[PDB]
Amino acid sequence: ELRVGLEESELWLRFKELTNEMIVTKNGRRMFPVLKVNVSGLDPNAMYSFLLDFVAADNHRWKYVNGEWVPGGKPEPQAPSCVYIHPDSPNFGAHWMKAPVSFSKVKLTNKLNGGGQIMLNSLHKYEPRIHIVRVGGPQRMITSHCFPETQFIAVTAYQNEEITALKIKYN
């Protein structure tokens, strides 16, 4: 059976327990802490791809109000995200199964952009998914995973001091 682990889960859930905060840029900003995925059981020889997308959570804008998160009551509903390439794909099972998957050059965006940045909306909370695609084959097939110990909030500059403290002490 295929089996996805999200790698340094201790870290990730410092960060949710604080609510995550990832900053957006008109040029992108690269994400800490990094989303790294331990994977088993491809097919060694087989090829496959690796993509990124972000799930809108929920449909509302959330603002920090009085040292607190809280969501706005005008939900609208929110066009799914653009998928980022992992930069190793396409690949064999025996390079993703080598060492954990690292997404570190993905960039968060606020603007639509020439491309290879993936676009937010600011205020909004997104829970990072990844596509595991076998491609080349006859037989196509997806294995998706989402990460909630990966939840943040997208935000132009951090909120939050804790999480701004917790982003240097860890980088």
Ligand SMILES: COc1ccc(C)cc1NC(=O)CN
The other form holds:
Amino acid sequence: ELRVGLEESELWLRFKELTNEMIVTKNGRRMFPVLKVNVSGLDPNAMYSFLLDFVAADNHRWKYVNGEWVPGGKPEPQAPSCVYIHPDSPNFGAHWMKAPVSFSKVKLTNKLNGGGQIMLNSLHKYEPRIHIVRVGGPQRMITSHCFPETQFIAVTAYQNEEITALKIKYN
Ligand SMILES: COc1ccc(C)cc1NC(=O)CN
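Having seen the form deposited without the named molecule, the form solved in complex with the named molecule:
Complete assembly follows, chain above in first position.
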């Protein structure tokens, strides 16, 4: 059985208990914390690509009102985000299982942009998700995994200073 685990869940849970925020910019901003995944049970000799996307956790616009995040009352169906290909892709199962798979180079933006950067709906809440795609082989296969611990609201600047402080303390 293919096992997928979050590395540094301890730290993600500290962010999640405050409501996590990730900055989006026109040019794109890297994530802190970085999503790092522990993977076991791959065929060391099989070929895989690691994909990252962001699911809109709900259909609402969120606003920081008197020290607290609150959802709007006017939902709107959320279009799926684009997929980021881990730059080590494609690679042998052995490569992926030898150290945590680290999505350190994904950049989050608020503007339709050249290549790489993943565009998000601003002030929407997101749940990171990976797809492990077995490629090249006869039988194509996809395994998906969500990371609720890593949920965040996309922001153009931090709203909760407690988040600002944690981001600096642990970077
Ligand atoms: C600013 O709009 C967006 C940017 C990025 C993504 C993933 C979705 C949307 N909008 C929607 O999904 C609304 N149909």
